[PDB]
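Before any questions on binding or motion, here is one chain by itself as structure tokens, the form deposited without the ligand.
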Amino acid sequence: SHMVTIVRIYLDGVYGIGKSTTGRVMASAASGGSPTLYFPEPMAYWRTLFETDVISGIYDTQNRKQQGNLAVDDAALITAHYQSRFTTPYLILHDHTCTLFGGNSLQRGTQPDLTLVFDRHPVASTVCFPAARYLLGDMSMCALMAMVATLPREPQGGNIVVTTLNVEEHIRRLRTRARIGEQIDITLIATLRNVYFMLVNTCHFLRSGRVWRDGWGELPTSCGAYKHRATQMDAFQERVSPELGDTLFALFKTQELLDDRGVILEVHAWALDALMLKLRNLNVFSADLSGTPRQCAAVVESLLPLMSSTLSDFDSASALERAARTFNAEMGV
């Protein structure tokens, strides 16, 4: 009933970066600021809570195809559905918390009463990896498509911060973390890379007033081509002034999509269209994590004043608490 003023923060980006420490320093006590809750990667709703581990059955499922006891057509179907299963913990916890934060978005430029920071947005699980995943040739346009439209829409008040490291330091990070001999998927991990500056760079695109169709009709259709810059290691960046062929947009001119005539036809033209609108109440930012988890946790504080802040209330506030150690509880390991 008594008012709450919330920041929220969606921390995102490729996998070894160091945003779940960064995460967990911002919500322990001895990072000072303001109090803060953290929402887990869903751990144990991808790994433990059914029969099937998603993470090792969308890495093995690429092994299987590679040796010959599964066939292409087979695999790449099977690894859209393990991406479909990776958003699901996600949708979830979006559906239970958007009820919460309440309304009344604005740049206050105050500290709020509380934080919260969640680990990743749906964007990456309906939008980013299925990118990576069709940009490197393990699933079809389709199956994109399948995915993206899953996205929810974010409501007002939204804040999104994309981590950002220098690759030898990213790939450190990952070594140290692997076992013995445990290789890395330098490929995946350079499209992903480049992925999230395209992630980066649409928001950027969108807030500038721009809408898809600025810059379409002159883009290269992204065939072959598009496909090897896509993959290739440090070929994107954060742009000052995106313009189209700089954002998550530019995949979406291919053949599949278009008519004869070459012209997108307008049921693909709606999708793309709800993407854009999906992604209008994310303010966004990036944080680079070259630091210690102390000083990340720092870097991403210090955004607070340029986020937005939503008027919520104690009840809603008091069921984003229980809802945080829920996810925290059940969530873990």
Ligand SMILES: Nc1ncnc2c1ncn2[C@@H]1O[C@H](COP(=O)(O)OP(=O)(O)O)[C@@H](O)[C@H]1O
Second form
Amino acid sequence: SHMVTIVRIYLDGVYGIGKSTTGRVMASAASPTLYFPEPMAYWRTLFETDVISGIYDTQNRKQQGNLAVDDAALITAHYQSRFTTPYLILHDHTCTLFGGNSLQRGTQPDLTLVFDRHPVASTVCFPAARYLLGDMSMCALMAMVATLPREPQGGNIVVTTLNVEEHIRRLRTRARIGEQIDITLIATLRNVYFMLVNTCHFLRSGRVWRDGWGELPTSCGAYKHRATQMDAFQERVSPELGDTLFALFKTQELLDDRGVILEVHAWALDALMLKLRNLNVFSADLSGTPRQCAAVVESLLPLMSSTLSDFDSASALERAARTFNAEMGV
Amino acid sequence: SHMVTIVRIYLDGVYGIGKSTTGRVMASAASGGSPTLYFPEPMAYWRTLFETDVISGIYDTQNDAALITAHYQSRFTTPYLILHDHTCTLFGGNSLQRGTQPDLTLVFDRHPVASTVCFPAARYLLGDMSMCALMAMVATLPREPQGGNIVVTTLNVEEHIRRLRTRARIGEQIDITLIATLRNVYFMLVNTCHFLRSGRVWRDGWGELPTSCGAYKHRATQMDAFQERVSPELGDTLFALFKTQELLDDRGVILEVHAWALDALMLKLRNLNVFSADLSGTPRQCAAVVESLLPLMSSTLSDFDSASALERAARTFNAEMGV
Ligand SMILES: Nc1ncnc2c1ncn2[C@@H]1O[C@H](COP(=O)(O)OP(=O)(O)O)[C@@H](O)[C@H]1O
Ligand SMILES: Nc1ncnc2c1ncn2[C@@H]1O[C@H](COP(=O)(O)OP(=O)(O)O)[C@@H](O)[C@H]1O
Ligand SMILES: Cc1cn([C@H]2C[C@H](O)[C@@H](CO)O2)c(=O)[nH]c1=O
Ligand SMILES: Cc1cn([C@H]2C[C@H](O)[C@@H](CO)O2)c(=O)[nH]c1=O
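Output block for the form deposited with the ligand bound, input the form deposited without the ligand:
Full assembly next; the chain just shown is listed first.
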């Protein structure tokens, strides 16, 4: 007759921190929780091109002078678009199923979903990092950001954190895929994920991207340099506009002669703001063992938004996790 | 707060037929009928706002290529996604076919389906883009909220190419092969919507359908090969091109992840009340043909503040997207 209480979590963050490991443990019968893995097979094997080696190979052939730059920036953008696809497909498939009545009930849910990354990772975070590093243009970044899907009510995002030394240790330990392992990339990603956390805190504080936009300095070469510096950003209690994702958009490329952002670009920021609204944000330190890491995330559950879904939707969710694990190489 | 009834129309179709001219006439007070707001093609976004001109860029690419082409097609979609995100908060709900004249009409020059689906599909069919690239684009189609109407422009190909010629320099070539394919693709679009409106789903006839290989792609680029169907079958729709080996397992069964992509496409198109409109008349007559469809179109219930925001949006988009 009645409803299933669901809490959904997107575990997200810089690669190499331990998010996937944590997610599998949480889902393990050793501790009812479903886990949706990174869509590895979609990225690597389902098509003729592997996007992870492709994106690194592009910067390699950029360095070796075989790729004219210019073209590299365009190809880099295209590989980055391909990362998003399976996230967009999964989000489209699951978003009808969670149900409504988002509330912080403080109870154990009937069903917990753990998604490995939210779409914001491939549409915003990784693209923003590539932009800040000079691997991609603002135009290419806009193109990715515009494809972010709106999160419906009840979303929770848990951004993983880890001290730099242990992060480097762990990056050393991942299997060889042909992935780009670059400490400037890592530094930048780490800063961008703090910007994300800060954006969410900024919005929940009742502010909007125009609040402090005037007084904000133009974000040019100097801004980009600082965003690539290890530990230049951190999670803030009350963030400033300058601590969020919005700040990197106050660049000359996006303003008229008189210094004023075009309305069409302002719309792009309004959209970004609205799409993040339903993400209840948390951070989790992963310095512990896998078991302690999962416990850290689990201790957040009673703080999270739950929705009310019906039996048939919850069943479709179980089938979705089963299918996705199977087809993605779990 | 005071209630306002809106009909919105995405006028769409192959470039060169007369869509933009028609929409400008509709917006003009001289066409009478309903007070109409027109949203043009995002020309400046494509051509002048950034360093790279994507129109020149995509055509120059064909003159690694497959990846650059996919990225240019991505950039076409951007301003459409932004505009759709902005305006969808203003249309309101309570979609119905009311039969009566709305308080105002919106005319959008193209729907997001053009840049995320139709043009990518044409490029894929011509071997200029991979299926993987096509999926990437299709996945970014936004869901149409209740009350959308789409009008696909049609025109005999002879007059279509004539229109492109008048406008073209005095020795400038026309990509006849691309235009031939896009005309078929837009018929597939029309057929897809008719197909969905009849309560059918992409799975209907999927098994019986031949895999869409070399022969399918030949037919798809063939001038006049497709048309608007009274009663479309699956093979007349956009769904058919997706039954390809690239998307199937060993047993020739579509992977569930790809099936989900097709479900999403199907749902995203649901709220598009579909029409076609012949544009062989003068611009005044073309505007009248499109406007005569209003009694059959969905309208929504918005309000004065949101309608006012739509007028500002139209004013702004027209200004910022110009030359
Ligand atoms: N809690 C942990 N303690 C020690 N090593 C870990 C821990 N979590 C993950 N690792 C190791 O670090 C590497 C990256 O972990 P992974 O789960 O792939 O990170 P992510 O999913 O964040 O990219 C793997 O080699 C993994 O075995
Ligand atoms: N109704 C019409 N009759 C004759 N020529 C037309 C008509 N409508 C448009 N044209 C011309 O045809 C060309 C294509 O028109 P345009 O409105 O740009 O088409 P589209 O928006 O479909 O790409 C233009 O040169 C235009 O002046
Ligand atoms: C999600 C995502 C991952 N990656 C990279 C980081 C890792 O090397 C690998 C798996 O996350 O793919 C991107 O380059 N872009 C993305 O959008
Ligand atoms: C909307 C759209 C237009 N075009 C081209 C066709 C015309 O030459 C020009 C303007 O519509 O841009 C694309 O290549 N892709 C697209 O997605």
